[PDB]
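Consider the single chain below, provided in structure tokens and representing the form deposited in one PDB entry.
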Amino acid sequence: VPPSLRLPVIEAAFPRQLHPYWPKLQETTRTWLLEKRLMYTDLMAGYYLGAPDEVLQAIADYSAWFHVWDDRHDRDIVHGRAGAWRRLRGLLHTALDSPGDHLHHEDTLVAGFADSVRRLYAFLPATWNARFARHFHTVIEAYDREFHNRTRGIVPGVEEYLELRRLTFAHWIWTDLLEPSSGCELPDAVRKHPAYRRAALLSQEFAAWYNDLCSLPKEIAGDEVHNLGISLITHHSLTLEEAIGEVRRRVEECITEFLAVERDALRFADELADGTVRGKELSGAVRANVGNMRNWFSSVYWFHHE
């Protein structure tokens, strides 16, 4: 790992995990992408540990779709296809709420989205489905804001980018998907516990900001506008080396902040195991989810260097 990207705490204290379904996952996702005419799963295989095979497969197919969507988004941006993007944006909002209606849409990107969403909706009650949808409507609109910014060459401010990135990276989607992976929709009072919330946040901030750190030199050279380091360079008059340093410090702080709040979240899980069956189940679900929040760190880190 190139020294500027090396994180000794990850290497020393976040040992990699791999879901045993990983060999079939890749090829099955490939088949799905081919069946859907849409054309990395190791990232998901090192993250949602303990997920039922069917849940991991649905998540990996969604991730692959997400990557294809990101490519289409990039292409509409650099070609200035405002109409095609607007129409796609509208169709994804509609398919998100009514995926069955869009399973055979003429736009294969929309039909693939609708199938992956339909499948993710088959694991937990409708209240989880509704929360997933609320979050992903927000992700689509954040992608529209990124379209605006990049087509106009606007570099968001630092705080502006941090808030936008929690949405374009889909922080709350990956957090939602913790729950079908451990087989339990968590009550609001559990998943909004400040330790759970903060652990979930820091896991995603680390993934997003580490991606920015690894991509900054490439993206500054390409004259791009959406990267934490680019916001720092543009609006704080940092050199590239200073910006690399600052992003790296923010990433390292995510890790040690996570260690503290993980300890709090696991103590909360202990408190949920109150001697009842439901309490034991909630406790096990929180423990599994927090462990996968931990797994996200190592999965993203080593994904970048493979």
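Positions refer to the first chain, counted from 1. For clarity, a rigid core is taken as the largest C-alpha set superposing within 1.5 Å between two forms. Compared with the form deposited in another entry:
Among the candidates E219, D107, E160, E141, the CA atom that moves 2 angstroms or more between the two forms after core superposition belongs to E219 alone.
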Contents of the next structure:
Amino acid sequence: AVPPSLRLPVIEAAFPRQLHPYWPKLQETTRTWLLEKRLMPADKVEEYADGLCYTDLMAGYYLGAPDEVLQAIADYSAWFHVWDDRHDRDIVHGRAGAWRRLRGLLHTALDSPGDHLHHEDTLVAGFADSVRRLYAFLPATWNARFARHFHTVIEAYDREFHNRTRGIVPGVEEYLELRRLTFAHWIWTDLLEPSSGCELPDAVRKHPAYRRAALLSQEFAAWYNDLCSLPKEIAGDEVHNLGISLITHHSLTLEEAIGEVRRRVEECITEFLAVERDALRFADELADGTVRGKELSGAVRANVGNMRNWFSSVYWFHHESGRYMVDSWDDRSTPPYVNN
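Output the form deposited in another entry next; the form deposited in one PDB entry has already been displayed.
Below: the lone chain, stripped of partners and molecules.
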């Protein structure tokens, strides 16, 4: 059961949880990858990795993915959380040069991941390994789109670095725009496509019903993370959180801000329910009697189904993962799974 302040009865009643059959092997294989790529200290991997639930988060989302696609996605997701931790620690310790150099290497590795598979920075080498595998599933046009999206994500992380080093809390609207980039909304959306085995043409994925369903799934995930990660973020001097923007710029108390974030999250669900109908009608229209139409219809339907699964996977992840359990830590500002 979930605490009342975080509970979403519509998720519990109407978004039943799903789990990909590869999850048990996924859990161990990603743990071993974190150890072998030296992305976290060995003792922290053994003590904390399974409890962080990163593989569970992906296995509740990309249902139907081939096992090797899911493995690359899960390794990438675990990497992404470690990168968020590295960025945080570079900020806390004032390592502006180390951050700048990492940022530059990630831009280069994103365009040429094979060149960086054995880089001396293990964080760069692990990024490159996951991305090179992601680049092997679909035509290079998809790879180029993933790269365009992730270049933007890296720069949003750089903006967060600047904000936190200057002590700036973004305004609410500025924050909502930035959050689509720091949460990597378009990366998770891109990854729907190798999971269903089809690169969608621009005309299909830019259809208004597809686009809006994709957006709402990610807005829910990011803002629900803001709701659940607010305690650890306040304790860690993080400034990027819708609740923090509301407290800072709209003069809300903590209780009022929690209520407002909750209401915005709830609205994503019922807006998604409306647009999902339109997205599934579009999927039906794509089934025009042709083979290609059947393929595109099935891919769109699978992708919209996984946009729905993201809601339940993110919901339960936030109650299971050790990442957010700040009340258990000796130092609330320093999670035990980060290298400090």
